[PDB]
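One protein chain is absent from this view; the other protein chains keep their places.
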Amino acid sequence: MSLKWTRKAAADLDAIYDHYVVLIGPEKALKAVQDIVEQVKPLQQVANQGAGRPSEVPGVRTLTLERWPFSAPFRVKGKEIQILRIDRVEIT
Amino acid sequence: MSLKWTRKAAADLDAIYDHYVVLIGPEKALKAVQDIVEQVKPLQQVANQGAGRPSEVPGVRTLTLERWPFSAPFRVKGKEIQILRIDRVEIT
Amino acid sequence: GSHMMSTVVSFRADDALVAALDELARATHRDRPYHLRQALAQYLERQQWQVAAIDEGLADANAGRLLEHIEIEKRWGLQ
Partner (left out) sequence: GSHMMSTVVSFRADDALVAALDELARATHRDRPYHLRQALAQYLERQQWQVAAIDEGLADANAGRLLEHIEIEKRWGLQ
């Protein structure tokens, strides 16, 4: 199966990089974004495509990421797993 | 009485400008920051130095600003009104 | 204010959270129900912002505005 990102999710990563560069500088901001991208990668495997928890939106699941306060809403559509956003969230 | 801003509150305004420039561009970001600064100005008058509502922190009151999702914690200290921060907040 | 009726909501909360709530009520000079209403309203507002964000992502996906994962990796220096 193909793992794809929306235009908006790709822009989210760029916005997340800019958010962290001003707080922790470019080397650590880059590692933060790379971590997020590598956490999303296993959604390519069918065994993981039921991970996360039902989002508020129908037919969309949300993967709460480790380490960084973000969530990745996604859905299976045909032969694609679609990463819809990388959204900032509040986590307790 | 003298109205003073902390170093951190001054930096907050610069950070708020950068936050809005990427969303609404420099002309409107500048107006947003100028609005915040002009909303704080009346705290110079003693009649207004009991405005806002008690913050969580003792001896500090918090002015919830109009239009923009920020609050201005402040305190009276001797002959000074001190603007301690311009903090982002969530408002219902 | 509101012109709506209300209902009593109840839930169990660990003692540390209730103690922190009570201390906040003391410091701010507003009672427990005020802060609980603020907490619920703000929570639901945040949840609606998540819906709004997901919706913008669905709009991209349904318009075919989709990028391959490997290309994301390449832009971020991973592959």
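As written, the chain order gives the labels A, B and C, with residue 1 at the start of each chain.
Keep this in mind: a residue touches a chain if its C-beta (ideal position, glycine included) is under 8 Å from a C-beta of that chain, and two chains touch if they have at least 3 such contacts.
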item	value
Which residue of B:28, B:41 or B:53 touches the chain not shown here	B:41
Missing-chain contacts mapped onto subunit A	53-58, 90, 92
Interface residues of subunit B (partner: the chain not displayed)	2-10, 13, 30, 33-34, 37-38, 40-41, 44, 55-57, 60, 62, 71, 73, 75, 77, 80, 82-85, 87, 89-90
Where the missing chain touches subunit C, by residue	2, 4-18, 20-21, 24, 32-33, 35-44, 46-47
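Definition applied: only the chains that are shown with their structure count from here on.
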item	value
Centroid distance [mean C-alpha coordinates] between subunit C and subunit A, Å	17
Multi-partner residues of subunit B (at least 2 other chains)	none
Interface hub residues of subunit C, defined as touching at least two other chains	46
